[PDB]
Amino acid sequence: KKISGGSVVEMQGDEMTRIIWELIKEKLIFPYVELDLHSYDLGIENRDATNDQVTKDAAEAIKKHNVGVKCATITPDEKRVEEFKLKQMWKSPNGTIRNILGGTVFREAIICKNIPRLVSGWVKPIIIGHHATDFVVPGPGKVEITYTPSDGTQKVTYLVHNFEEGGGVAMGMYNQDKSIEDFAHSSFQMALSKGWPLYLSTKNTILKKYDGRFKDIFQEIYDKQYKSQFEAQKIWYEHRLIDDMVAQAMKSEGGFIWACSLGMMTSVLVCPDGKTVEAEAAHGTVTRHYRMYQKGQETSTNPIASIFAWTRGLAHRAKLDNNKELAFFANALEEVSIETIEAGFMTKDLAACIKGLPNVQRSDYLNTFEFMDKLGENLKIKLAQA
Amino acid sequence: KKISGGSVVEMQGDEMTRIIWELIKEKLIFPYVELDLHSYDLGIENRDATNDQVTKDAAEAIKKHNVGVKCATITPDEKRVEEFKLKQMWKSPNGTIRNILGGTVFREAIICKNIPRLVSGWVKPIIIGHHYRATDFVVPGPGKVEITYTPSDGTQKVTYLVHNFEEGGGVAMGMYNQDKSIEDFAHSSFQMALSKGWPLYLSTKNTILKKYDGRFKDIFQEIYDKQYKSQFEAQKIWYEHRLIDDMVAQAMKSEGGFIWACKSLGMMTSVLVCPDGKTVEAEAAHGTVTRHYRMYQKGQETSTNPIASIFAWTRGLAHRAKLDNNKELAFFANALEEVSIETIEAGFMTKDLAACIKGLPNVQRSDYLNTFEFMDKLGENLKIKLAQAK
Ligand SMILES: NC(=O)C1=CN([C@@H]2O[C@H](COP(=O)(O)OP(=O)(O)OC[C@H]3O[C@@H](n4cnc5c(N)ncnc54)[C@H](OP(=O)(O)O)[C@@H]3O)[C@@H](O)[C@H]2O)C=CC1
Ligand SMILES: NC(=O)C1=CN([C@@H]2O[C@H](COP(=O)(O)OP(=O)(O)OC[C@H]3O[C@@H](n4cnc5c(N)ncnc54)[C@H](OP(=O)(O)O)[C@@H]3O)[C@@H](O)[C@H]2O)C=CC1
Ligand SMILES: CN1C(=O)/C(=C\c2ccc(=O)[nH]c2)NC1=S
Numbered sequence: 003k004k005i006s007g008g009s010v011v012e013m014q015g016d017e018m019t020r021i022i023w024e025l026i027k028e029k030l031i032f033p034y035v036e037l038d039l040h041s042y043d044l045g046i047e048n049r050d051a052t053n054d055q056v057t058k059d060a061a062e063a064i065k066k067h068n069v070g071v072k073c074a075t076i077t078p079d080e081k082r083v084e085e086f087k088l089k090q091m092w093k094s095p096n097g098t099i100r101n102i103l104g105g106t107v108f109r110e111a112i113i114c115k116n117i118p119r120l121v122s123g124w125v126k127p128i129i130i131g132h133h141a142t143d144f145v146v147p148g149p150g151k152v153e154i155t156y157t158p159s160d161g162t163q164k165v166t167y168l169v170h171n172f173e174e175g176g177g178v179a180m181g182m183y184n185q186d187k188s189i190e191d192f193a194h195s196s197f198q199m200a201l202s203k204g205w206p207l208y209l210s211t212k213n214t215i216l217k218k219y220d221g222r223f224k225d226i227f228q229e230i231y232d233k234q235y236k237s238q239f240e241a242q243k244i245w246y247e248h249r250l251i252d253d254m255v256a257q258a259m260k261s262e263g264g265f266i267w268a269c287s288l289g290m291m292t293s294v295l296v297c298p299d300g301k302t303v304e305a306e307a308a309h310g311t312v313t314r315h316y317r318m319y320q321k322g323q324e325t326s327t328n329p330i331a332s333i334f335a336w337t338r339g340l341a342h343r344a345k346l347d348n349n350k351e352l353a354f355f356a357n358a359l360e361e362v363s364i365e366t367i368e369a370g371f372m373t374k375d376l377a378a379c380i381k382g383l384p385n386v387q388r389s390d391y392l393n394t395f396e397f398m399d400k401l402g403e404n405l406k407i408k409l410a411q412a
Numbered sequence: 003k004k005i006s007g008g009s010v011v012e013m014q015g016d017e018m019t020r021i022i023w024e025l026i027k028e029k030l031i032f033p034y035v036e037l038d039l040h041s042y043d044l045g046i047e048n049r050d051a052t053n054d055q056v057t058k059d060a061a062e063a064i065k066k067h068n069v070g071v072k073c074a075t076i077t078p079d080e081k082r083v084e085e086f087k088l089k090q091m092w093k094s095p096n097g098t099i100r101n102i103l104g105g106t107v108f109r110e111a112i113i114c115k116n117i118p119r120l121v122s123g124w125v126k127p128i129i130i131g132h133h139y140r141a142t143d144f145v146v147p148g149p150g151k152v153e154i155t156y157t158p159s160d161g162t163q164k165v166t167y168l169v170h171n172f173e174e175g176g177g178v179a180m181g182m183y184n185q186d187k188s189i190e191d192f193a194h195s196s197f198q199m200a201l202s203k204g205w206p207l208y209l210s211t212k213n214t215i216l217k218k219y220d221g222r223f224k225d226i227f228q229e230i231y232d233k234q235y236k237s238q239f240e241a242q243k244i245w246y247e248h249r250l251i252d253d254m255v256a257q258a259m260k261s262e263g264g265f266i267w268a269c270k287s288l289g290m291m292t293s294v295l296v297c298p299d300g301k302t303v304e305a306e307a308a309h310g311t312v313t314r315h316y317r318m319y320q321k322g323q324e325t326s327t328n329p330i331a332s333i334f335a336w337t338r339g340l341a342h343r344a345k346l347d348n349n350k351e352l353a354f355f356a357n358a359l360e361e362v363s364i365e366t367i368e369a370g371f372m373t374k375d376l377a378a379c380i381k382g383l384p385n386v387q388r389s390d391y392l393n394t395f396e397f398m399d400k401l402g403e404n405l406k407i408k409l410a411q412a413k
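Sequences listed follow chains B and A, in order.
With the authors' numbering applied, the first sequence corresponds to residues 3 to 133, 141 to 269, 287 to 412, in that order.
With the authors' numbering applied, the second sequence corresponds to residues 3 to 133, 139 to 270, 287 to 413, in that order.
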């Protein structure tokens with residue numbers, strides 16, 4: 003009577019998102035889906051309690067089971083250490099996981115037809131994917154950067170700058186071909202999965218050789234694994250330059266992968299091998315909202331990013347398992363969310379995008395529990411019907 | 003009769019901006035201001051003709067007279083060489099001038115109330131300083152990339168491994184920065200904050216590049232304490248280093264009204296600020312507007328935006344005034360800046376602004392004036408505004 007989801011690593015979070023997260027599982031996921039769930043408590047007091055072990059433990063779990071969905075979690079500073087009496091200034095969980103998993107991060111804003119987009123439109127969303142020794146130079150003299158190949162066949166030495174002025178500062182950066190390659194695979198697969206064109210954008214004219222190598226190693230992997238599958242879906246890859254991008258793009262239908287309100291932005295880390303994926307929101311814990319919540323005040327916090335974390339995650343578990351039932355479900359919910367907002371029912375943040383904050387009458391939007399309630403109602407219906 | 007302006011270095015540019023600059027002069031400056039005008043014609047023909055000499059001179063002039071106003075100039079490339087049979091693909095004027103005067107470039111966007119902004123929280127303006140010359144090359148296969156510092160005083164050289172490539176090849180690059188260059192950045196930066204009475208913010212990835220951005224933060228504080236804290240507190244402003252992630256946070260959540268030191288185009292104003300805090304060069308941040316200019320050539324109606332260009336004149340003129348204690352000029356410059364904003368805030372604008380409000384597809388002709396009409400309306404409100412302050 004319920005769907006078999008399968009293996010999902012979930013990660014609990016902090017403050018206001020910890021609440022929405024629970025609200026989602028309760029009203030939107032568990033009433034409908036059975037999962038073999040590898041839950042990991044990543045909330046600040048638990049991370050401290052276990053010496054950030056829970057984090058490493060979770061990351062390994064995702065590596066194992068391919069699918070991870072993550073609630074937003076407190077990264078620590080002074081005030082935090084002071085607040086929870088933390089033993090240490092724990093390294094961002096995103097950082098720790100990203101480190102054990104690799105891959106490249108894709109960021110997509112969810113588009114609602116009644117919600118202002120920067121460009122008037124933009125019917126379909128653009129999907130953005132983003133991609141050293143430094144020292145002091147006491148006084149004058151040459152800083153040269155020099156390359157000797159393994160076989161000692163040559164030696165190239167380029168001068169970085171000659172200091173006759175005084176001292177300064179200097180640095181050296183590198184980048185292996187492998188990493189560029191992983192960036193490419195991920196970039197093309199992303200374009201495949203979402204059946205959309207891919208673009209690349211570089212300096213290329215300034216940092217010629219560096220950004221050149223990117224142009225190249227993309228082309229090559231395209232022309233030897235992807236030129237084929239791509240046109241098998243009437244969909245291209247192409248290069249371009251940053252300002253010529255923003256050119257034909259800020260006058261575009263939108264809806265392509267481009268390689269280089288917060289409640290609506292969705293990040294996803296897509297690993298090299300295409301099989302492993304972690305989804306989360308792009309926003310934080312929404313502390314301001316949670317302080318209010320604590321104070322007994324009413325809140326209007328956008329659960330969409332967090333929802334899409336779930337769906338995109340579930341979507342990818344379905345894909346892997348070859349699970350048409352589940353696949354349908356994830357999609358069905360992604361629909362209901364956009365549907366419900368387009369229907370006019372929405373949280374305060376969205377309402378502000380439409381009317382501007384000074385203009386928002388309480389009856390223009392719904393509070394956190396009201397909006398979550400409404401999606402619950404609309405999901406229940408939409409599923410009952412089709 | 004007219005206000006005595008003083009020494010001002012004028013540079014004339016190309017294409018649409020050339021047409022507009024002549025209108026700004028004719029209609030808005032000259033009628034009210036006499037000026038000891040060192041003009042230099044930075045047209046492309048003339049730059050060609052004189053063997054980019056006129057450029058150099060203009061820079062040298064600005065050096066000597068402290069105040070410049072630049073019209074947008076063509077930067078050549080292959081296509082341009084053909085169009086103009088150029089003797090040579092001459093370097094970017096700004097490039098030439100900036101490498102003679104030094105200092106720090108500063109963009110401020112001009113904000114009208116009726117113009118959908120980037121963030122509606124930004125009710126007051128945000129001014130951004132930016133600091139290029141990095142050597143980069145391709146590792147074809149395995150080997151070591153090392154970066155070596157040999158002191159000029161004969162002390163043992165110092166070698167850092169940048170990466171030892173075993174599995175494959177890749178890319179590499181050195182980057183550098185002189186103390187002088189950073190000192191300059193800091194000064195220019197504190198100069199401009201005091202100038203504009205707004206507070207100053209430096210951002211870095213200092214945590215991540217301990218030594219490289221470490222130097223900046225330091226050099227900035229060390230300069231800030233040694234000679235600006237006094238003047239800063241004695242004006243209710245402050246300096247402060249921050250990290251980029253904190254810095255965009257506070258920015259996106261702010262009221263605007265601050266200068267930030269960082270390591287629509289007809290409303291963007293570029294200002295080169297020399298460290299001495301005595302020389303300034305003003306210019307619109309946009310280019311020569313060929314697209315519009317070729318429309319103008321073929322007899323068609325244009326609606327190009329003069330504000331950017333006008334503010335070149337006004338910061339230049341304003342700085343001149345401030346230098347010379349010219350209370351009369353000072354007023355005028357402001358008076359004109361306001362009239363600008365005002366006129367647009369009154370509905371009278373160019374097509375590009377009209378499309379900021381009504382959406383590019385929904386822009387009807389009656390929403391906006393064309394270049395020449397709008398330029399007149401500026402002329403009209405200026406006269407009127409000026410007549411009122413008397
Ligand atoms: N683990 C993770 O993935 C991340 C964690 N964080 C953590 O978040 C904590 C504090 O977050 P902070 O950086 O202050 O800001 P957040 O990114 O948490 O959100 C700050 C502001 O953005 C708006 N906002 C963001 N998300 C939503 C939403 N879903 N619905 C409605 N409004 C939203 C609200 O604006 P308004 O005030 O106008 O209502 C909110 O006050 C920090 O401790 C940080 O470490 C941050 C980012 C990612
Ligand atoms: N000397 C200088 O400081 C600079 C010079 N240039 C030079 O300009 C030439 C061509 O410039 P280009 O690349 O077209 O860049 P431009 O800055 O001239 O502008 C390109 C587009 O931006 C919009 N735009 C810019 N300024 C205005 C304005 N004042 N009013 C209305 N719309 C505006 C127009 O778009 P739309 O067509 O949609 O109206 C315009 O076609 C080159 O040779 C280049 O080197 C460029 C930048 C700076
Ligand atoms: C405005 N502008 C430039 O500055 C430019 C190139 C440049 C500038 C300074 C320098 O030191 N080297 C190169 N081209 C255009 S247009």
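Honestly, I wouldn't trust all of these hints.
Stated by the list, open to error - Here are the computed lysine-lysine pairs in the DSSO-like style, where the Cα-Cα straight-line distance is at most 30 angstroms:
| id | chain 1 | residue 1 | chain 2 | residue 2 |
| --- | --- | --- | --- | --- |
| 1 | A | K65 | A | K203 |
| 2 | A | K29 | B | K212 |
| 3 | A | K408 | B | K212 |
| 4 | A | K243 | B | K187 |
| 5 | B | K81 | A | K93 |
| 6 | A | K243 | B | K212 |
As the list claims (entries may be wrong) - If we take Cβ atoms under 7 angstroms as the criterion, some of the chain A residues that face chain B in the derived model are:
| id | residue |
| --- | --- |
| 7 | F144 |
| 8 | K151 |
| 9 | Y156 |
| 10 | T157 |
| 11 | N171 |
| 12 | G176 |
| 13 | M180 |
| 14 | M182 |
| 15 | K218 |
| 16 | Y219 |
| 17 | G310 |
| 18 | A378 |
| 19 | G382 |
What the hints contain is simulated information worked out from the structure, not anything from laboratory work.
For each residue, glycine too, the CB sits at the ideal point set by N, CA and C.
Checked hints:
A distance of roughly 22 angstroms separates the Cα atoms of A:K65 and A:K203; the hinted pair therefore holds under the 30 angstroms criterion. The hinted pair formed by A:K29 and B:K212 fails the criterion: a straight-line CA distance of about 41 angstroms is larger than 30 angstroms. About 47 angstroms separates the Cα atoms of A:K408 and B:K212, which puts this hinted pair outside 30 angstroms; it is violated. Taking the CA atoms of A:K243 and B:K187, the gap is about 53 angstroms. The hint is violated against a cut of 30 angstroms.
As the CA atoms of B:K81 and A:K93 are separated by approximately 51 angstroms, the hinted pair breaks the 30 angstroms bound. The hinted pair formed by A:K243 and B:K212 fails the criterion: a straight-line CA distance of about 41 angstroms is larger than 30 angstroms. Of the supplied interface hints, the one on A:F144 holds, with its beta-carbon coming within about 5 angstroms of a beta-carbon of chain B, less than 7 angstroms. Because the smallest distance between the Cβ of A:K151 and any Cβ of chain B comes to about 6 angstroms, under 7 angstroms, the interface hint for this residue holds.
For A:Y156, the suggested interface contact is upheld, since its CB lies about 5 angstroms from the closest CB of chain B, less than 7 angstroms. Contact between A:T157 and chain B, as hinted, is supported at the beta carbon level, the nearest pair being about 5 angstroms apart and thus within 7 angstroms. The restraint placing A:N171 at the interface with chain B is violated, with a minimum CB-CB distance near 9 angstroms, outside the 7 angstroms limit. At a threshold of 7 angstroms, the smallest CB-CB gap from A:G176 to chain B is about 5 angstroms, leaving the interface hint in force.
Given the 7 angstroms rule on beta carbons, the hint for A:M180 holds: about 5 angstroms separates it from the nearest Cβ of chain B. At a threshold of 7 angstroms, the smallest CB-CB gap from A:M182 to chain B is about 5 angstroms, leaving the interface hint in force. Because the smallest distance between the Cβ of A:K218 and any Cβ of chain B comes to about 5 angstroms, under 7 angstroms, the interface hint for this residue holds. Given hint, A:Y219 at the interface with chain B, holds; its Cβ is 4 angstroms from that chain's nearest Cβ, closer than 7 angstroms.
Here the hint on A:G310 is broken, as its CB sits about 11 angstroms from the closest CB of chain B, past 7 angstroms. Using the Cβ-Cβ criterion of 7 angstroms, the hint placing A:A378 at the interface with chain B is not satisfied: the shortest such distance is roughly 10 angstroms. This hint holds: A:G382 has a C-beta 5 angstroms from the nearest C-beta of chain B, less than the 7 angstroms allowed.
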